[PDB]
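Next up is one chain by itself, shown in structure tokens, the form deposited in one PDB entry.
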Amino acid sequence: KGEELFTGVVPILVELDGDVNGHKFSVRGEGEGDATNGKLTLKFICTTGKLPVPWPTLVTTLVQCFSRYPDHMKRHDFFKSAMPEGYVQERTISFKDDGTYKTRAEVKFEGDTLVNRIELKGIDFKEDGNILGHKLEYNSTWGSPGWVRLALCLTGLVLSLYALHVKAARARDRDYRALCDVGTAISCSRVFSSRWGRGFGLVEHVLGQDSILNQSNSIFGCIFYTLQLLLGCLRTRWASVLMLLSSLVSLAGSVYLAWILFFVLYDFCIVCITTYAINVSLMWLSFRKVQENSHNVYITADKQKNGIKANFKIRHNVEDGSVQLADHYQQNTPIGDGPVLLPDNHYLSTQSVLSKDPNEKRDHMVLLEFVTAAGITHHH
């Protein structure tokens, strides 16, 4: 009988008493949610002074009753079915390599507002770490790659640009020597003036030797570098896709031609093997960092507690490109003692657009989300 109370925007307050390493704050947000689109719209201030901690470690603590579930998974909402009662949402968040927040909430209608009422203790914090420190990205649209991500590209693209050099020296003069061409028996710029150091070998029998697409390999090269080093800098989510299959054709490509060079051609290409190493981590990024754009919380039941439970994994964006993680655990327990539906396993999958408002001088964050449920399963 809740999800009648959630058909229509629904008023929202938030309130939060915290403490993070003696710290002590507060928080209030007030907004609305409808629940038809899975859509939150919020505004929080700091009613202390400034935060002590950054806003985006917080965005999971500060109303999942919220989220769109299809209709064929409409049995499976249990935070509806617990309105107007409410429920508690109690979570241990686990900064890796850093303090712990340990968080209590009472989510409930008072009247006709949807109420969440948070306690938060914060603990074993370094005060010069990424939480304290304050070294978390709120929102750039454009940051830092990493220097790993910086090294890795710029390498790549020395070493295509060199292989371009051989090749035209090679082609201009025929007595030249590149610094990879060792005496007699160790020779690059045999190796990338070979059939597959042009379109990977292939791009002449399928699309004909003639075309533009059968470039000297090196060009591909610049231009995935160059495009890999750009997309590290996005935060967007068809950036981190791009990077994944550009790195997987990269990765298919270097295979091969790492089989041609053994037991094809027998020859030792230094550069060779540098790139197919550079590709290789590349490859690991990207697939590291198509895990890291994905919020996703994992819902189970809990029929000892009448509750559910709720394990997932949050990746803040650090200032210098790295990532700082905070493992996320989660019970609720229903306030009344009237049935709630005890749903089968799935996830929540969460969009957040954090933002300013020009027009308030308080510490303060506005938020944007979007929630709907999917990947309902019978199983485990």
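Residue numbers count along the first chain shown, from 1. Here the rigid core means the biggest group of C-alpha atoms that line up within 1.5 Å when the two forms are laid on top of each other. What changes on going to the form deposited in another entry:
Measuring CA movement between these two forms with the rigid core aligned, the set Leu265, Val115, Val88, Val297 has one residue at 2 Å or more: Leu265. Superposition on the rigid core between these two forms places the CA atom of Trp284 less than 2 Å from its counterpart. Here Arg198 counts as shifted, since its C-alpha moves by at least 2 Å between these two forms after the core is aligned. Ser218 is among the residues whose C-alpha shifts by 2 Å or more between these two forms once the rigid core is aligned.
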Given for the second form:
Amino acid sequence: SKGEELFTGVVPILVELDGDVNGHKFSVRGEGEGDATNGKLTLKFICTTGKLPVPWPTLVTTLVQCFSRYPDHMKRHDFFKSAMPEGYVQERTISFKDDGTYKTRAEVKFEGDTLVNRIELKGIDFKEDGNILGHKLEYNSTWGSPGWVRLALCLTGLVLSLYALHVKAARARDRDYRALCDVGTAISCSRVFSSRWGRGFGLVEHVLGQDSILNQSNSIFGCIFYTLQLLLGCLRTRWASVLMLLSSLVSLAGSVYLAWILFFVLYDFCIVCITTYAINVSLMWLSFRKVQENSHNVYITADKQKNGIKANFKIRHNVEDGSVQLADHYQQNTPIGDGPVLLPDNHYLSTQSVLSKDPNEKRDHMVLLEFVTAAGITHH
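Show the same protein again, this time as the form deposited in another entry rather than the form deposited in one PDB entry.
Coming up is the bare chain, nothing alongside it.
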């Protein structure tokens, strides 16, 4: 498109936002530059009116997708640049799960040589004690609380594993030892932990032999697994999530095997064992949700009725208590001008945002670096 010529260099950016969230009025001004050749944005935003009444992370998506890097084989699908310099109107509804909603209307267009994004934001139905108005979101932390749920699951698993280790040793030292989980008759955790399936899962010896250092009491692996699940729950990185997921998958396989041993080999309804299986299913589901979460591609489709595009996507904001706050985004873009625009095939934008602080800035502010690449259409 002709608009493309406006983005091959470095372009100055002005962002102006007037907002009202549950009657708390505020204004933001941002300035910086966009480098669409590298899909890169660098901006600093200031709350001009005082303290921002919502967390800065919740405004990132509202505060110029014309600066996305569209690979060359996708140049025909870049609506945003094709609508320039005349610009486009961008409207969103952002639904914060179990909380309020933002509605935004922005005009994005060139004024002289500056790409200007002017935005009106209305927020309603937010909870004063919630994560948004209550300022409970992490700004950019790389480590934090694991959350009450993960903590309960992992400490319970760890405590049970430690007790199983203790039980195995005590029963090895006294045939008449009775554990708290020795309920009687057909329920003896002592017998379970003392069986060959209680060491190396009854499998290690058959691959690594019985001498191996990996042929440890199951509860040792349990201690390690629950401790690492909790510690990885303190990390805010993709790789910690993938590790949690893979280890949960292993724990799933092992739990099903051990349950089979319980019911068809040992004939023992081991309540503490079943409890660890339930904890393992819980952690499996948590790591599954985690891996899903925060991928956050912006899914774009053409809206021929408005000569524009629509998009939808999910943002996950880390909460200081270790939980996550979903922000479900619905988006529409319509050209301001009457000249031709590109209507794309289905695709998505992959976005990475880095939030930081200006050590010399005393006003409430956010420094933002952003990298966005178009994808979702195979180059073949």
